[PDB]
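Quick setup: one chain, the form deposited in one PDB entry, written in structure tokens, and binding and motion questions come after.
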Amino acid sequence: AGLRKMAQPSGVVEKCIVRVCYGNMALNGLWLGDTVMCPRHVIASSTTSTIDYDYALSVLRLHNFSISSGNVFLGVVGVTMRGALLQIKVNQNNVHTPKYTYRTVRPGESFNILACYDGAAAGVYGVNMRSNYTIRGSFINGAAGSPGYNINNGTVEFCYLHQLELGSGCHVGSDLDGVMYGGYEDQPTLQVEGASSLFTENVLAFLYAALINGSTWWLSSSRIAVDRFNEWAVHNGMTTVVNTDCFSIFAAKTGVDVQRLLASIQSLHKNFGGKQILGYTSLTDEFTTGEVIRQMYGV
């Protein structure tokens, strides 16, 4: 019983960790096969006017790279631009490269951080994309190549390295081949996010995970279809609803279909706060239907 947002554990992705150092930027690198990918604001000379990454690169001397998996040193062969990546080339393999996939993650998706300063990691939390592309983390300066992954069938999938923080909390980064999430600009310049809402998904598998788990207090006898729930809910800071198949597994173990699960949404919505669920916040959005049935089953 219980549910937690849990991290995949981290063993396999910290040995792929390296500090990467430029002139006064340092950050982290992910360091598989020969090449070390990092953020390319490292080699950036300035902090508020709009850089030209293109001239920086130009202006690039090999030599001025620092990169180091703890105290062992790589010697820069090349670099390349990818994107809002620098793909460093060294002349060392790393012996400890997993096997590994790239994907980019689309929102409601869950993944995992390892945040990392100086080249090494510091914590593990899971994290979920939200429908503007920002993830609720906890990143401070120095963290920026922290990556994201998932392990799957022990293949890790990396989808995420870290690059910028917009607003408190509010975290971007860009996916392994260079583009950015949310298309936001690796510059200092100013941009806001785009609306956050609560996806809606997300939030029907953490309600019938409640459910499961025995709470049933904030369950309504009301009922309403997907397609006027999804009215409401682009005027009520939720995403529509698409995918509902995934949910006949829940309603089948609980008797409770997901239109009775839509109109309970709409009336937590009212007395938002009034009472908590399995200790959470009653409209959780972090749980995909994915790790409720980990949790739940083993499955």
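Numbering follows the first chain given and starts at 1. For clarity, a rigid core is taken as the largest C-alpha set superposing within 1.5 Å between two forms. First, how it differs from the form deposited in another entry.
- For the listed set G75, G169, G183, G154, the sole C-alpha moving 2 Å or more between these two forms on a rigid core superposition is that of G169.
- With the core superposed, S66 shows a C-alpha displacement below 2 Å between these two forms.
- Once the rigid core is overlaid between these two forms, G274 counts among the residues whose Cα shifts by 2 Å or more.
Give me the form deposited in another entry now, not the form deposited in one PDB entry.
Keep in mind that what follows is only the chain, not its partners or any molecules around it.
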């Protein structure tokens, strides 16, 4: 019983964090094989105007770097741009490099953040990519380069390196190809996130987890079809549901079909009336069907 946002264990990723310093800048890098990846704004010399990174790379002095894993310093062999990242070749292979892949995540998908400072992991928590390609993170100065990851069958899938905070406190990173999520710029400019819609498939997973945990006060016999729900959604900050197949086994272990939950969502979207669902007083879209399945049943 119970539902908690949790992280997958971080041990295999902790061995890959390094400290990357250049001039007055300090942030984190990811050391895989003989390469260190880090945000390219570590070689920026200003914090207000817009930076010509290609120029900053052209006048770089390789010896002004300090890259360290604990008290082990890594010598820099070369540096090339990889989108919003630097790909730094170093003179030592990380022997504790895990089996790993890169993947770019999509809105609604969950992953793990390893929040790092001074090249050392400090905290680990789960996040979910919002429709405006931001995450609900907790990062302060020095967190850039903190990685986001999932673990499947012992392979680490890296999907995020932290870059920046938007003017509201939303957090933005790049994938490991150096492509910024949501097309935000890795510049200190005025850019505003788009509006964030609640991901309806995730809200449904949360409500099925509530039913499995014995929370049923918000459920009724009232019912609404997918199509009638999708028309209300676009005027009420929620996404449309298109495939309900992922909810088949949920409806089978609880006896409650999606259409009933969709009608409950409409009532709950305003308020819970002073009541709570698994501790929440607002709908949450941070849980995927996959997370719920694992926590509810281990599969």
